[PDB]
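Shown below is the structure under consideration.
What you see is the complex with one protein chain gone and the rest in place.
Labels run A, B and C following the written order; every chain starts at residue 1.
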Amino acid sequence: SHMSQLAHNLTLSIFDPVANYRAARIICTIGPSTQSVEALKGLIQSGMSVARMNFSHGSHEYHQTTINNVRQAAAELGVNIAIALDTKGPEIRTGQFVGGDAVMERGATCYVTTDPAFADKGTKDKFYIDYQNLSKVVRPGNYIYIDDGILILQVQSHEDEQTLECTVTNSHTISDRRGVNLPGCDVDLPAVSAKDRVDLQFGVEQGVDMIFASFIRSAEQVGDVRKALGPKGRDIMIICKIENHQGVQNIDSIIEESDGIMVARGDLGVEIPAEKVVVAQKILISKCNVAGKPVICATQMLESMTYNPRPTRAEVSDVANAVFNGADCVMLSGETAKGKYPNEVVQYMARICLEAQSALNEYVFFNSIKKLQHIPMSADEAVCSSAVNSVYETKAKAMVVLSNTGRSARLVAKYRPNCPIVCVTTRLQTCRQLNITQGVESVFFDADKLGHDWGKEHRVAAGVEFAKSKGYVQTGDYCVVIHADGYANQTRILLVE
Amino acid sequence: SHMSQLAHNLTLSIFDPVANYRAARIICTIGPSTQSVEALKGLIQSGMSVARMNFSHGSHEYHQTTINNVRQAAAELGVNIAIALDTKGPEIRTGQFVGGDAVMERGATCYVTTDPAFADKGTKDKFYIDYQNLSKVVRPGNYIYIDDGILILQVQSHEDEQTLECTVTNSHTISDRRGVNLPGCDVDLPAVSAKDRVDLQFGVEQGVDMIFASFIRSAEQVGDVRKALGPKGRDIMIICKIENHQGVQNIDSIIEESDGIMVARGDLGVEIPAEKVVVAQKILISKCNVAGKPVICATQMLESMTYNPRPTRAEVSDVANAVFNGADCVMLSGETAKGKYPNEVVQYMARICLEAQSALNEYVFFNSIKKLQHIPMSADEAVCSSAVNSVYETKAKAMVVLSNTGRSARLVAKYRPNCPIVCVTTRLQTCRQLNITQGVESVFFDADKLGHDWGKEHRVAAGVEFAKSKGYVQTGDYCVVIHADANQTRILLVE
Amino acid sequence: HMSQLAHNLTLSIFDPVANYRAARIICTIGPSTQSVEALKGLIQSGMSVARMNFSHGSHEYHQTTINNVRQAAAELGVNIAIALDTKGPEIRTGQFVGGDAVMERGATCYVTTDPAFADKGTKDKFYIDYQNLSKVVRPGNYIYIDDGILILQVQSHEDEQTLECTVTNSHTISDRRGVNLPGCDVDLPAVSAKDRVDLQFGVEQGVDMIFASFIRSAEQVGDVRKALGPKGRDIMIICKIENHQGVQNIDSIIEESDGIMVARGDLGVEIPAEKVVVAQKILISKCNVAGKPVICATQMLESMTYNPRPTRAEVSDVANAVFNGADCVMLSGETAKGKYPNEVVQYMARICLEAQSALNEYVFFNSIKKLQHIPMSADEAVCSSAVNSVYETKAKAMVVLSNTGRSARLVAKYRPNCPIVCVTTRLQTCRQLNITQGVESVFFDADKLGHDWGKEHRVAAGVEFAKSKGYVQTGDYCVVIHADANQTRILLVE
Partner (left out) sequence: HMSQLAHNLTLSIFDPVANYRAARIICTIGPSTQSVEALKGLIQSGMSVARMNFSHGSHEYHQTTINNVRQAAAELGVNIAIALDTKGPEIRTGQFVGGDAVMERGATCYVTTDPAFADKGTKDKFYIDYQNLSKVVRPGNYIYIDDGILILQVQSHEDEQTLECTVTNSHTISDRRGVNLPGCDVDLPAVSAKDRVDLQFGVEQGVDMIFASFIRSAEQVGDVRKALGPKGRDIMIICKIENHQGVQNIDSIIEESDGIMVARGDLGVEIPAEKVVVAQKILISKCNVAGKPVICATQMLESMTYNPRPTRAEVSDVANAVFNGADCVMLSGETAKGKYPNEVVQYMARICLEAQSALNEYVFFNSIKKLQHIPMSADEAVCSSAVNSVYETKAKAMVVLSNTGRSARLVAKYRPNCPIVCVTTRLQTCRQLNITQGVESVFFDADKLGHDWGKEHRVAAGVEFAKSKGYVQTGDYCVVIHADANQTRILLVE
């Protein structure tokens, strides 16, 4: 019997043809070294499906350019690249430093103020932290984690109402404006602060496709986001970023009430042990798989390619095992944001994603997933899992989903067929929005030009002809056609003509 | 965990409402006590779906009458009753006896002859056997089996070219013209005798729906029967009767080449031990479910109700278990042909079938069958097996299968959904012909009167309405629609 | 190879029968089989359990059965269990003038509780032994005489002891027949004062098990136990399920008793016959998962009471009782008053052997396995993991050392595809194991052949039996198990 992965690894051979449709999706973070149309085209061409604007930095005019360029680059290449707005959030940062940085030393005693006068002239003996309620929330004995939690200062006493005496436990030199975390204090900051509310309204007007919501801990907080986007942005997706343990603990309620998860390894790892982050990843990705919402593998992906032409052995296994975990998206930050090799990172990630995938036990995923759905299931759920089951039964070589919001294509993608899925939509912003779901590819069908398509056949042909041109289907091959969402519900098996 | 029948048994309570819609189908043998339109109406009304005509008896005129009445009775009630023409076959029989019977006592010597002169005036001391090359095929020491093999004669020598000296081993008294079996001789008779060919042509002209071909041993003999049916009957269903051990052996090549099987326990029992025949049944019924072609639990069904008002505690278990094995159909012979209780026999069998069926693990069938299909499967095969899988996932209280030849209805029927299957046909014969396939009902759709229906949605509506008015589905209930040959599945939210 | 259906495709009727019947046969003793010569025949035809029906005959009569069975079995060097089937809360009609009655339909008739009318009853007025009948019966209620194929309907009280009754179903009735009262409180004690003495008789005579009649409560079993005394703590209690009051309770009744008997006939009194079949499946599958013995009970090979061969259906009935999962099949009238007691059993052997050797053995082991609460008790794991070892090695026999039978019964629970050979110091264990399928019991006399502190001697005797019955040869594998402490060997039969 060919039950589960172990059984499957025994057949696999690396010398066999790399089965060619890359399911996994790549997000890049745009920044100084990739903002230009020209360099964006390269990103698209290397394998980007999502541009990620990071609102922790840059004016609106900045991001506005990133928005205009992405659109133009994409239009020139004739593809659809989803734009994502990534929330600043309830961030806590240190001030700047005189000279480059600090040089925090071990034995050292140092001072930390919430006095803004020390922002523009920070020093390694005393520096700024922008969290105004710092000295009203911290006791002596507590630690302040700085710079990805790699620098730890214990708090010793209150120098003044605004300044903190601090011992320096760890030691390492640190750059301008770094990530501060206060374990064991209620950080009162709201998940959608004054700035975010205006950042998110900017995103709605500009027609972003999704939000990457930073530091979500509450099921209730995802609510504050939805509300701040307003009804004029009821259709924009909310992809919650899990960054702290409060978020892991509340993953279920957060998933039940969101559109997807980004598993932010870097941040979790600030106060979660690095080895436990590995498990955390597995748990998060799989909860998402089961729920059928998109999940993104987060930070420190191919980290060495920010400054080197070739990634390290380990970095590679990290990407591969991310796919194996069951990731929809892998993502790059600095590597493409400020990196010295923006095309090469994306290309190489694409290759690793392609490989890993073609070695996965595609089936088990489906079977495992089916076995966990509550029966009796909703028509459209059954409609999809049966279609996927049909793919497997017939060895069908492509699926054509006619989907208009994405619901269907996303709920099919849930059941992991061993073939490419081709989504055909009259909504362009669906094409974009399906760039975070694995294995789906979107073919736009223009209802303004090519008619209303009542008989629904014109759109199905459009899907097959695409599938045909991509190499998925040849005259003879089978093809599972599905439509879900009183009509709705419908599946054909087509003989590709 | 709930994997198989044992698990399922622990939850069942006999006191629970009996899931209505008897899946199994009933075949009756028409004869003197059921030929009247009047009696046939009661038979139909009692639970009959298939009227079997046994051509081992009666002129064409007799069966013309059977057909005419079966038809008119059914037409009057507004139902579709399939007519089976049961082949005579390669039958060996004895002649007649002076007075009712024989009276074979034990160590007695008797003479068996192939001389037709003795056919009308036979005796316990010497009588006729119609198979002409009897003497030319039998060695001394062979047993001659008579009357469902309950009387065994041993052959001692040839008295002349036409007569055999026989010793009597079993003692029983025997009626006129009983079945004769010769174990261990080449019974050279054709599987389609010259008489069979005319009977079969008579079948094609009167528009029978199927042949119940007796004594099939070959892959190739099923051919012989089709070639005899001619091209004007290219559509008539051949059901192969498995009646002997040469038959069980070749069951596989036979199934692969026929439209269905009848497990004739009585005839298998002539020279296979009863206990073995039980297992034979089990094999043949499962071999047919996986093959997806009909199977009929054949003989001696509810036997004592030929002449008693109520059947025996055993006869019932025997029926219950027939449905449990996975039979499509249950057939009566003597009970309805000559029977003193033709209605009550069908009603009781109706009731037993409903009960057993409603206590069977429907799912374990589906899955067990799904996991025995060689992948990759042909589109419609998958389309159906997944359409069923859709049912179990949604607890859909009905299915609507639009099928023209019955192929699709039959292929869904194979995967045992736990609900009524409602077929819609634009061919009337498909309605009759589906009466041997389990848990399916047919709604006819007159493409002549009600339009040719392109969008195939007028037809669905009808299939749904039926289901709605049979009690199967209401507003809110889910319903699975399927058409194959092509390929299309909907899940309807019945309004 | 998941399920039976899949397995059925591979079977062939022309393949040799695997020689070892696993199901066990119980025969009821009566006039035609009480003699040592008749019992010898019965044993050799394949009887495993002498059933004494205490509804009929004195102790002296039953004493004779007990003495004669013992003497028969001994002469053949075999061990035969002895069941004391209980009378219980029976209601019977009185006697009749001339053979029977002949109840015709539209007839009005009279049913008394007055004892005077016992030995001289007619079809116009006849006795019923239930004293409180008239006090528990509203007019309109049906009375069910004779396995409930004669249905009276009550019309009024002619007096305190007599009921006016209209006759519904018309069929003639013999002497003294089973009366049943649907929808009344039959106040009859499960263990009655006459039953008390009966049970104690069995305790003194060393019967091996009781077939307690008409069990309705988990508690009623208690009544049987409390009456067997502390001197009969070892006697097995098999509950007979004879009514819907006991089908509904089957669950708690299994959890308390030592095993079930599925009395199809007496269930069939008011439960429609078709359902009885399903009830049969449920009870057997329930006992099976519980790992306690279950007997398919009445109306078995019913025509072989007067005929030399059974009816087609009477065969399927037996065959299906084995597939259903039963440990035992029973014969009542067929062996008790039958004309062909030997031939009756000899078919039942043959049918059992046939059914049993076509029955997918694995699907059982797996089905029961996948229904046990985890974590399971050591002894439980021990056996299942041994039966697992059996399938993994294709081991051709098992050897269980059990002193009470517990271990053997827990091995037999998980259905290996081979014989189980039990080895015991207790003789009563040999007998007691005659109702659990797939086991054969070898006596090992701790008295004459030493105590066996190594267990190595009893095991040689296990294998040696196995080897002799043609189960295992030099080369074969034998799974050796001892539970309760908790040990399992896989032997390479020398």
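Following the convention adopted for this analysis, contacts are C-beta pairs under 8 Å (C-beta built on N, C-alpha and C of every residue); 3 or more make two chains touch, one makes a residue touch a chain.
Participant: Quick one: say which of A:286, A:347 or A:378 touches the chain that got left out.
Facilitator: The one listed residue touching the chain not shown is A:286.
Participant: Who touches the missing chain here, A:356, A:412 or A:436?
Facilitator: Looking across A:356, A:412 or A:436, the contact with the absent chain belongs to A:356.
Participant: Consider the whole complex, including the chain that is not shown, and state which of C:5, C:382 or C:399 touches that chain.
Facilitator: In the full complex, the listed residue that touches the missing chain is C:382.
Participant: Just the residue numbers, please: which parts of chain A touch the chain that's not shown?
Facilitator: Against the left-out chain, chain A lists 1, 3-7, 9-10, 12-15, 245, 248-249, 265-266, 269, 272-280, 282-283, 286-287, 289-290, 300, 303, 311-321, 326, 351-352, 355-356, 359, 364-365, 367-369, 371-372.
Participant: Spell out, residue by residue, where the missing chain touches chain C.
Facilitator: 372, 374-378, 380-382, 384-386, 388-389, 391-394, 477, 486-492
Here is the rule we go by: only the chains that are shown with their structure count from here on.
Participant: If you connect every pair of chains that touch, what shape comes out? Choose line, ring, star, complete or other.
Facilitator: Topology of the interface graph: linear, an open chain of contacts.
Participant: Measure off the straight-line distance from the CA centroid of chain A to the CA centroid of chain C, and report it in whole Å.
Facilitator: Here the centre of chain C sits 67 Å away from the centre of chain A.
Participant: Can you check how far apart chain B and chain C are, centre to centre, with Cα atoms defining each centre and the answer in Å?
Facilitator: From the centre of chain B to the centre of chain C is 37 Å.
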